[PDB]
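Quick heads-up: it's one chain on its own, the form deposited in one PDB entry, in structure tokens.
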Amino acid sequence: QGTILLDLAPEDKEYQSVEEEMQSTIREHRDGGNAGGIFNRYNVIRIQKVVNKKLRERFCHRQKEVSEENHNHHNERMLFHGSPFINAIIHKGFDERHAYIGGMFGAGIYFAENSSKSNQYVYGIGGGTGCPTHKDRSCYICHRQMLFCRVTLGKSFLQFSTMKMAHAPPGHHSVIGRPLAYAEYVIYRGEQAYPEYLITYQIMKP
């Protein structure tokens, strides 16, 4: 019932689909690569499928709950996640302890539709101290990991202003924050995300 990790063959449709979503969603960030480093491309080392029967059942139960609360619209999206606690997430799921961070859109679990936005969170807020080994936010050596996740958004609060908020208004299951304007997706319950794919990669020096 615990986690099984399956290495995907680069010739597999799933590997190719995930790598292409990861590469195609790279953007040039407003910070000129301060947080996540300077790159236009990833070198994908491997992609692992994450199979956890218990996490999947709880995700499916929560999605049905959210669907019923939002006129049968669970609004599932495939979104990227970066976190220093990725290793814990694939084994134990999104734990509101340590999966939660702060940001412009309040405390919660942060996802992005752009892989390069999630890359800014891999080593912590604003890239933290960068890679453990070289303390380098733009390390081209160290292997990074990010997740590509199934995320139940239900009813989203759309935030567009650069205003610090604590939490979404009542009756909302997520925030979509857009302060260019790359969208960040915040959820408040760990069971609203399933870590489908573990991507091991390097950022490439242009």
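Residue numbers count along the first chain shown, from 1. Whichever C-alpha set is largest while still superposing within 1.5 Å between the two forms counts as the rigid core. Compared with the form deposited in another entry:
- Just one residue from the list 139, 44, 165, 38 crosses the 2 Å line for C-alpha shift between these two forms on a rigid core fit, and it is 165.
- After superposition on the rigid core, the Cα of residue 122 moves by less than 2 Å between these two forms.
- Comparing the forms between these two forms, the C-alpha position of residue 88 differs by less than 2 angstroms, with the core used for superposition.
- With the core held fixed, the Cα of residue 101 is displaced between these two forms by 2 Å or more.
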Given for the second form:
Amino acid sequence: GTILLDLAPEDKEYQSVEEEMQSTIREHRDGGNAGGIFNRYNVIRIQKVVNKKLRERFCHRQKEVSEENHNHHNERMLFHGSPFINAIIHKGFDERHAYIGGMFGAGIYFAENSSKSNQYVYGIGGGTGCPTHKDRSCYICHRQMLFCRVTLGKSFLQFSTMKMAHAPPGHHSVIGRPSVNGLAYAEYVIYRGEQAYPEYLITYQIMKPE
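Rather than the form deposited in one PDB entry that you just supplied, could I have the structure of the form deposited in another entry?
Partners and other molecules omitted; one chain follows.
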């Protein structure tokens, strides 16, 4: 099944993942309600997720999308937060567990800003926060998020809600782009689980500003 490989803090691969996570934190329009209030994370550990069957399914679909899209699979490294990340690292991404209430319908959603995915680590809108203290801004409990390879192929660009069950005809993903009277941060949506691989598992705490 799945094996987790510990990355060393002195390794450039660990450093690259932490820097993308830290540098993409943003202030969210909800006043921190969903993910808490913070300007930096304390990274506890970063692990590489290794799984032969999951990697084969992801690579097979990536070759298929590349062939359909002028040899451009358009893979992007994106964050994903979910209360079910344990099932994702062992069984892979699955469109059968889509975010039904998402702005683009029943897809699997990713963000280029780590703090946007942090709003979903404890559920939609942050749920009831950490299991132990029921605090969406808990500074004690260790959180987990994924930094994923996501095959986008030909993306359908949108600025506002457009609910759908599957990708638009001729396309492989939907991108919600930021705009003045619209989204603050981008969101990326796929409708097939084999279009994402949970490359890195990050364990962290949000830090209290001071």
